Each structure stands twice: as structure tokens, then as C-alpha cells.
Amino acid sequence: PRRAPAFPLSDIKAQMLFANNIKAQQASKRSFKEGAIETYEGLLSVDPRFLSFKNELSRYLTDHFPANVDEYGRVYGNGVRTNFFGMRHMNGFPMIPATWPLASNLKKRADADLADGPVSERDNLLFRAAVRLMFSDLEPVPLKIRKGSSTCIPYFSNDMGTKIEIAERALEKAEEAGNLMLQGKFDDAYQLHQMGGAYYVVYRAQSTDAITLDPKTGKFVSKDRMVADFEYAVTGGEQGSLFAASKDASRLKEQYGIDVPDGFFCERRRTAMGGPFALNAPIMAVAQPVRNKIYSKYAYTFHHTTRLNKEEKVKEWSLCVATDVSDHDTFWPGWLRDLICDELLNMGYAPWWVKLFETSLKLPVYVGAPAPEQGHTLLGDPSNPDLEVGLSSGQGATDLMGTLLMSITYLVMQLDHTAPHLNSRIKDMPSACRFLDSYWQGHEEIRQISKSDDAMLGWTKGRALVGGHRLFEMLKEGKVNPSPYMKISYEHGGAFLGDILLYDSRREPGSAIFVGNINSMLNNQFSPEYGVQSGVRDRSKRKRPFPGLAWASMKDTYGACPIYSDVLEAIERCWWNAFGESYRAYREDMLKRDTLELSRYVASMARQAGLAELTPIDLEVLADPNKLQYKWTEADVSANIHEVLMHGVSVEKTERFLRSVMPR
């Protein structure tokens, strides 16, 4: 059923993805790398005291605070949803091998019984209405770029001046590049404007993953994570194999002489992709305006900030269903990419821009190093982009692609199982747009709050309510997928964007509250994804610029968890046992040092002004900018803090670009 073509790095098609400079050449050849991360300055993730601390703390918390999740997956009582063993990983050392990314997900979708297009004309109108409401009356804004971020293929530059020039030039030449692609001249568009080529695959650590303790044996068991070998990936699963990666860490002793305590494992690794920046720039120039529109006009459904901000909406509901989606990015459908492009053309968007967008969602992928002695292979032919990888993580609008797919998918699930009486309001495009516009503003008896693959579905009192309960019961039974589009189930311990929905004895939205997930506090403080990069002088370019600051926002973020105090005390006690020092004093010192370091980066902060003006969000973001790529957005951050982390291209240049893209 068509194996994707594959080319070794030595092949000219792969060589052309890397410019003639040392960084790009090194990225092309980089071999498998592993090693302990520097968890905090001077502390390695495999330090024997640190592991002893994690062993004691994870056992203690699990023993004293067993999960409180009912049969319907609602969290109550102590606010705990699983054991605390997820922290038992040797951070920096990956499971082996990581997966080869699937070149085509068509068979994966068909075999999971998911549809190859909108099932009914109503659904077709709703997906298209989503495109019309999201992309219509957009306002230009400057194109912001993360400081220190890479341009990936083909230059691999991390220099801000170079990145700004690449982006400006890309906005100037996107039209000529898109028209070349409309003529089938992808090699020309790539050679002349670097628009095309491939995504560059980097494997990221998912630092904590499930682990259970077998009461029978007293031995810990890590969750098996299935990975595809090369044959499987290039044949869409027709050949080759899907098998459990090895998380066994015993090897670290033999290989590096690192002591491995019982029940500690190698980390789960996930594929992540960096896009060719010249192609992404023109897409980001439209995506940000779209985010601004949906987070303002449709803030009810899409703009989520604090626990209370979420709580206000959910408290008004009579029923709240916390859904889960299996493997969202890999199952994301290429037919939606095509439906979206078709609808943008219908709205009058420039064809050359739609073509760039379409191409960014069919691009080849260059696999670097999934394991020792493996990799350095290009999947797909850049001369004619035709992959179906699902949704690429580094595409310039991935968050929006997942949000559009899922928001309509959940609305369809509510229509299908609970509100057939609303079907008559969706007769054609005009009526579909009116209905979706009202639904997204939270004005219908069926509602939702969502972001990509996380969501909570709601029902107020009314005719749909009774159906809502049957849908919830169908999810609980878990025998039939309620959607024809993606694999949907209910979340075990319902949460939304990091906050757990804590129910009381009534088990009703009206008396439930959103609280911080104490397990996420533990993940962030003791299993960060990256080391502190103490050798990177410019802190704003680090993955974790000011780790100490999170101590100042901790109470605000996690204080409402029922066992907040208990956890902080267990930490103090266990850290004393392991290090013979106070964890609280250690964090207070780090907070002081980082607060002083911060004033050097903030123009408005006096040589030692302090943190008085900063919000909890500001602090969480400065300690972990990653939260700005999955939890919050630019407007949620104080302006002077956003500037520490991001730089932009002039709105004058983007304003002119946008005028040439958008309809009349």
C-alpha cells in the first residue's frame, strides 16, 4: 500500500537539507547521546542522595495518599489520582530505542475504525464553519520568535539577528515560493527560499511516566511504551514491528558505572520535530492573529488561564465530562488538512499561501538518532511532499490544527449522542457559522472548554442533559468509541490544562473546584525535562532561565491541593534524610539568587527591584518557558517578561505580508 521512499544521509536528497556550516553538518550527523541532567546547579539527576530521596518520598506519598478517583474517573478527597512512583526515572537516560515516526497514518486510522473524511454533510459544514470563524477578520501583530530557538533546516542557526533576517526575507518571498509550489516546483522553492525540505526529528524526554509496584513481588514495573522500527514506520504498519521499548536501567551500571537503585528506569522519549523556519515564518504570521481572535471573541471555549477562570465556567454546568484522546498527533487526519485548505481558498485566501500551509502538513521528516547505531535517514521525497504523519509538532500552527479538529469532534459527539434537536439549526454554511459562533461563546445548552487534546464537555439544564448522562455512561463502560473521528475515552481523574477538578460528596460541577495537581509540582521540581544549562551565559536562551522563581509561585499554583502542606512536609523530612539540609532553605536561596539574576534581564527592574510586580504566571514561565507553548499564551504574561523570552519582527513587515494573504 506504498512504502514511503527513504534516503540515507549520504544521499544528495538528504545532504541538501543541511547547509555548508558546522552547526547544520553536526545536526545531520549527531549520534545518539545520553547522560545525567544537571537537575539544579551542582546536582545530577543520578546523584545517589537524590535517588535515595526520590525512593523514600515516592514510597511514602504513595503509601499515605492513595488515589481518590471514583468509578466515573472523578477526583475527590485528597486530590490524588495515581501513585507517586512516576518520579523514579534516571533523567537524561532514554528508553531504547525511541520510535521511528510513521510516514503514513492512513492504515493506522482505518484499522482503528476512524473515518477518512466528514461522515455527514452536517459535520462537513461544522469543520468548514470552524475554518470560517477562526480565519476571518484577523488583525496583524508582530511575528514573535523564541530567543535561542533554532531555524532548523537547512541553516540550524540559533542567532537572533540571523533568525530575524530569515523571517523577514521569508515574508517577502513566500508568495514567489508558494507559486512555485503551485506549479509543482518544490525543489526550486526550497533551493531559492528554503521553503520545503523536511522536519528535523529530535527526541524529547517525557521525564515522568507510569510505574506501579507489584504487591505480589515487591518489584516495580514501568509502563511499556510501544515503538515502531524503521520497516513499520515506512510501510504505515503493513510490515515491520511495533514492540515495547526497553526502560531497563541496569545497563547504566555496566556502561557508566552509575549505581541504579531498585525500581528506577530510563525515561520515556517522544518524537518532536523542528520545522524549516523559512516555511514556518509565513505560517506563524497568520497563526498568531488567529490565536488572538479565538482567545478574544471565543474566549469562553478557548482562553484558559487560572484555576478560577476555569472554575467559573464549569460551576454553571449540570454535568461536566472530562475527555481523553488517544495519541492525538499521530492520528490527526490529513483529510482535515485538505478540508481546511479548500475552505480557506473558498474564503478568498491567497492560493500561494494556502499552498505553503498545505505543504507544511505533508513534509518529509529527517530522523536523527532514535538509538545507538540507528537513524540519519530522510523519510519522504522533498521533491514532492506527500507524507501523512498526522500533525507535526513543529508546524507553525499545530496548536490551532489540533484545537480545530478536537473542538468540532467534541461538538459532534454532543450532537450525536445528546442533542439531535439542534441538528435543524445546521442547514447550510450561514446557519452552521451562526450556530458554531453561538456554541463557542458558551451560549448553548451544550458547552465545552478545550485546548488541542484536553477538554471538558458540559451540559446545562435542558433537553440535552439526559443525553449527556447516557454519553457519560457510555464512556464509563468503555466498549464503544463515541466518535467516528478520533479515539475518545474519559480521563481517569478528570483534569483540564493541569488543574484537577475536585468534586465533593455530591459529585456535581456546581460544588466542585479546580485545584493544582500536586503530582505536577513534584514532576517539575524533581524531574525537569532539561538540565539547568549552567554553561549557557545568556539565561534567556536556556530551556529553564530562572529555576529558582518557581518557589515564589508555588503556593499560588498548588496551594489548593488538599494535601499541599503534607507534601511539602514529606519533602522537607525526606530531603533532610538524604542531604542533611533543609529543602525549604535550599529553595529560598535559589529564589534569592535567581531574583537578583532576573533584574539583569528586565530593563524596568532596578538593580535589585524584586518580584513585586510579577504574577504567578510570570514566575512559572520564567522557570519553564515551555509552559508558554502548551499552557498559556503571550497575553497571559506581563509585557516586560514576554520580552525577556521573545523577540519580534516589525508589525510593519507583517502587516504588509498579511494584507497580501487575507481576502480582499
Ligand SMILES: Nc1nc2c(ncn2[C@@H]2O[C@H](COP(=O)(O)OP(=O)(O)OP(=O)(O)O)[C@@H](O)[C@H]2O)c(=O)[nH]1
Contents of the next structure:
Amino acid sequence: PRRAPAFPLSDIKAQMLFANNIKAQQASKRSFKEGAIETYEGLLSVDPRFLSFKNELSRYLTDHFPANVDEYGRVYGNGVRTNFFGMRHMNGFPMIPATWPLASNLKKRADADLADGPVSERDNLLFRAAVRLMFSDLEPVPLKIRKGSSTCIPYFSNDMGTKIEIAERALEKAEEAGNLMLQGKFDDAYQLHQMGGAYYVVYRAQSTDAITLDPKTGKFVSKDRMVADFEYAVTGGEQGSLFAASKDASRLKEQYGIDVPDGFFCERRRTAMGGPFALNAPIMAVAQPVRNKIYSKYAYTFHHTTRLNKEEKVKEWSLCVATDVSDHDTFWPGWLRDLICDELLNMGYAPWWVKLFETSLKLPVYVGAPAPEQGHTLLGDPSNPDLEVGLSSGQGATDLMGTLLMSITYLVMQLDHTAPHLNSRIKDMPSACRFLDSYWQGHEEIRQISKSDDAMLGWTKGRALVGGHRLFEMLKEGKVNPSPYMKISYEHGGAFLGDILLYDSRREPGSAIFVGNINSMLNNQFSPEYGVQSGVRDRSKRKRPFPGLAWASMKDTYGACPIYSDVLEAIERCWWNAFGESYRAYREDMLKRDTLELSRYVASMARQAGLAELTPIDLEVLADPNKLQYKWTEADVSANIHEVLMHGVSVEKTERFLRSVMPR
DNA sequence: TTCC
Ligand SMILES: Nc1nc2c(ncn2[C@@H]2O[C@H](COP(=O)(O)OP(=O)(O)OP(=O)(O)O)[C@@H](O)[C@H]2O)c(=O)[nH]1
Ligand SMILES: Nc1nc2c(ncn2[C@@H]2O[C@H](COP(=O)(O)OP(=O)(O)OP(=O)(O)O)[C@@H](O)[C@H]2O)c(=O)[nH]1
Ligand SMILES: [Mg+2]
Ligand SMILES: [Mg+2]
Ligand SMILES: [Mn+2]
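Can I get the form solved in complex with this ligand as well, since the one above is the form solved without this ligand?
What follows is the entire complex, opening with the chain shown before.
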């Protein structure tokens, strides 16, 4: 049923994805690589003392703090939703092999029994209403750019200077490029404006995955992660094969002579896509304004910040269901892409821009090196973009696409199983927009708070509430998928945006509170996703600019956790056994050092002014700028701090571009 | 060296 066209790096189609410069060329050639990460300055993830520490701490915590999650996934008690064996990984060493990204997910979706388009006219209206509400009255904003991020295909530059030029150029010729694409002249578009080509596969680490201890064997067991081989990938599942990547770390001994203590495994590898910047720029220029709108006007269901911010909304519900979507990104329906594009045209968006947007969502992917002796293959023909990979992470709006899909999906899941008496309110676009608008503002007896696949569905006192309970029960029994669109189920240990929803004996939304996830504190502090890159001189360009700062926001971020104090003590203790030092002291010094260093980057900061002026969010973002791409928004961060991490383009240049794009 |  149509196998995807594939080309070797030697092929001219692949060659053209990389500019005639060192960086680009190395990216294309880059072979498989692995190695211990520098968890903290001067400390390797595989250091014996460290692993030892990790072994004792994980075991002890898991033993003294077993999970407290009821038959309904509600977490009560100690707030622990699972064991602590997640830290038992050799950070820096991936499972082998990584997956080959699927060129088409149509079959994957069908076999999963998911619809190939809106199933009812209502649903069709709702999705289209979602588009109208989201992309309507948008205000221009400067186009911010992450510092030290790669522009990827074709240049692979990191120079903010070059990035800015690249972007500004894009906004100027985006229009001419799009028209080119409307004429089906993709190659011209790519050659003249670098808008097209492919996504460059980058492999992010999931430093902590499921690991269990078999009471029978006394042996540890790492959760299997299925991965598709090249055949499977190019045939959408028709041929080839799916299988568990190997997480066994024994190899480390024989290969690198690294001592591997029993019960430690290789890291899980998530695949990510680096989009061609010339293309994502014009998209990001619209995406941000869309973000601002829904985070403002529809803040009830979309703008979340503090544990209490969340708490307020959820407390007023009679029922709160914590949903969960499996492999959201690879399942994301191509039809939604096309629907959104069609509706945007209707709303009056420039055809060329919509074409750009559409193309960005069906572009080919260049696979680097999923494993030793593997990779360097371009999937899909750049000349005529026709892939269906679902959401492509590096695209300029993957969060909006995910939200647009899941928010409506959840609303529908509610209508379908709990509120048919509302169906009559949705008869046409107008009535639909009106309903959806009211709904997103939290003004109906059914509600939701969400971000892509993570969400909490609520029910106030009313007709729908008895239905909610049946739904939740359907989810518990889990034998029937409540949606025709994605595969939904309840989250075991319900949590939202990193905060666990803590129930008491009542087991009701009103007598509940949001607390940080304790395991996440552990994950972050001992299993970071990247090392400290002490080699990169510019800290603002590192994946972890100021690691030591996280200590300052810790009490704030996790203090509320039921076993906070206990864990800190357990750590302090085990760290002592392992290093003969105070962990507290260690982090305290790191803290002082980084606070001093930070001032060298923050203007307004006296060349030694404390963290007095900084907020907890500021600190967490400075230690992990990644969180700025999912947990928080530019608006939730101190202006002077956001400047350290991001750099923008003239509000004028974007404002002018945005004007030629929007309808009104 | 390698995404939002
Ligand atoms: N641009 C980008 N978005 C990411 C990245 N990682 C997670 N996301 C966001 O998170 C969503 C995917 O949710 P995850 O929980 O990470 O994974 P999943 O594919 O849904 O499935 P699980 O593996 O079962 O959790 C997407 O909608 C993205 O917007 C990443 O590296 N880059
Ligand atoms: N957009 C984005 N989201 C990320 C990224 N890393 C973690 N996340 C968020 O975290 C989710 C699962 O990714 P994990 O890395 O397992 O999460 P974690 O914060 O380490 O901890 P858990 O909540 O216990 O899974 C995603 O659904 C994202 O929303 C990242 O690089 N980009
Ligand atoms: Mg998920
Ligand atoms: Mg997840
Ligand atoms: Mn959740």
C-alpha cells in the first residue's frame, strides 16, 4: 500500500539537504555515538560511587515508600505513584537500536481502530470551530529564538547572528516560496529559500523509564520498548518488524571497560525532529500569536502555571478524570492537518502561508544514526512531500496541533458519554464556535484543563455528572476505547503538567490538592537528560546553563510533596555512604558558584546581586531551559531572564509579515 | 555536535 521512497546519503536528494560547510557535512555523516554524561561538573554518570549511591537510594526509597494509587489511578497517601528504580540507568548510553520513524501512520491508525476523519458532522464542526477560535484575532509579536539551537537543514548554524538573518529572510520570501509550492515547485522553493527538504532526526534521552524488581528472581527488569526497523518504517507496518530495543548494559563492560552493577540499564531513546529553519520561521511567527491568544482568552483550559493555579479549577469539580494518550505524536491524524489547512483557507489566510504550514507537516525525514552501522538514509522524496508521520516535533507548532486535536477529542469524549443534551447547541459553525468558546472558558457543566495529551476532564453538579462517572468506570475497566480518534485511558497515578493530584480519604476533587511529583525531583537531580557541557563557554547556549540553581527552587517546587523531608534525608544519607560528603553542602556550593556565574549573564543583576529578584520558575528554567518548551511560557518568566535564553526579531519585521498572512 |  505504497512504500515510502528512500535514499542513501550518497544520493543527490540526500546530498542537497546539507550545505557546503563543515557543520552541515558532519551532521549528515555523524555516526552512532554514546558515552557517560557529566551529570554535574567533575562527576560522570557511571562513576562507581555514584552508581552505588543510585543503587542504595533507589532500593531504599522504593522499599520505604511504595506507591499509593487506588483502583482508579487516584494517588493519595505518600504521593508516590511508582517505585524509584527509574534512576537505575547508565545515562549517556542508549538502548540499541533507536526506532526508525514511520513514514506513514495510516495503517498504524487503522489497525488501532481510529477514524480517518471526523466521524460525525458535529465533530467536524467542533474541530473547525477550534481552528476559528484559535487562529482568529492575533496580535503580532517578535519572533523569539532559542540561543545555540541549530537551524538544521541545510546550514546547521548556531550563530544567533546567522539565525536572525535566516529568519528575517524567510519572513521576507516566505510568500514567494509558498506560491512556488502551490505550483508544486517544491525543489525551486527549497533551492531558492531553503523552505523544504527534510526534518533531521535528533535523539533525545528519556533518562528514566520503567524498571521493576521481580520478587521471585530478585532480578531487575527494564520495560520493553518496541522499535521499528527500516522495512517496517518505510512500509507503515506492512513489512519489516517491530521489536524490543535492547536495554542491556552488560555490553558497556566489554566495550568500554565500565563496571556495570546489577540492575542498571541503557537509556530509552525518544526520537525528535529538527525542522529546516527557513520553513519553521514563518510558522513560528504565527504560532506564538496563537499561543498568546489561547493562553489569555482561554486560560481556563490552557494556561497553567502553579500547583495552586491548577488546584483552584479542579477543586470546584465534582469529578475529575485524569486521561492519558499512548504515543500521541505518531498517531496524530494527517486528516486533521488537512482539515485545519482547509478551515484556515476559509477563515481567509494567505494560501501561500497555508501551503507552507501544510508542507511542514508532510515533509521527509533524514535519519542519522539509530544504531551502530545504521542510518544515513533520507525517508520520503523532498521533491514531492507526502509523508504521514503524525506530529514532527521540530515543526513550529507541534504543541498547538497536539492541543487542537486532543482538546476537541476530549470534549467529544465527554459529549459522547455524558452530555448528549448539549448536542443541540452545536448545529452550525456559529453555534459551534459559540459553544466551544463557552466551553474553553470553563463555563459549562463539563470542563477540561489541558496541554496536548495531558489533561484533566471535569464535571460539575448536573445532568452530565452521572455520565462522567460511567465514563471513568469505562476507563477503569479499560476494555473499550472511549474515543474514535485516539487511544484514551486513565493515567495510573493521575497527574497534570508534572503535578500530582493528591486525594485524601474522600477521594474527591474538592478535598484534593496538587503537589509536585517527588520522583521527578529524583529524576532531575540524578538522571539529567544531558550533561553539563562544561566545554561550551557560553552557558546561555548549554542545555543546562545553571545546574546549581535548581537547588534554590527545590523547596518551592517539591516541598509540598508528602515525603519531601524524608527523601532529602535518605539522599543525604546514601550520598554520605557513597562519597563521604554532605549532598546538601555539595549542592549549596554548586548553588553559590552558579549564582555568581549567572550575574555575568544577567544585566540587571548586580555583578553579585543574589537570587533575591528571581522567581522559582526563573530558577527552574535557568537550570533546564527545556521546561520553557512545555511547562511554562515566555510570559511566566522574568523578562531579563528570558533574554538570557532567547533572542528575537524586530517586532516590525514580524508584524509586517504577520499582516500579509492573516485575513484580518 | 543535536528540535520546540
Ligand atoms: N518539540 C518537542 N515536543 C516534545 C518533545 N518531547 C515531548 N514533546 C511534547 O509532548 C507530546 C508527546 O507526549 P510524551 O509524553 O513525551 O510522549 P508520547 O508520544 O505522547 O507517548 P509516551 O511515550 O507513552 O509518553 C507532544 O505533543 C509534543 O508537543 C520533544 O523533544 N520536542
Ligand atoms: N516539549 C517538551 N516536553 C518535554 C520535554 N521533556 C520532558 N517533557 C514533558 O514531559 C513528558 C514525558 O517526558 P519525560 O521525560 O518522561 O517526563 P519527566 O518530566 O522526566 O517526568 P514524568 O512526569 O514522571 O514522566 C512529556 O509529555 C512532555 O510534556 C522536552 O524536551 N520538550
Ligand atoms: Mg503520553
Ligand atoms: Mg509522558
Ligand atoms: Mn496527566
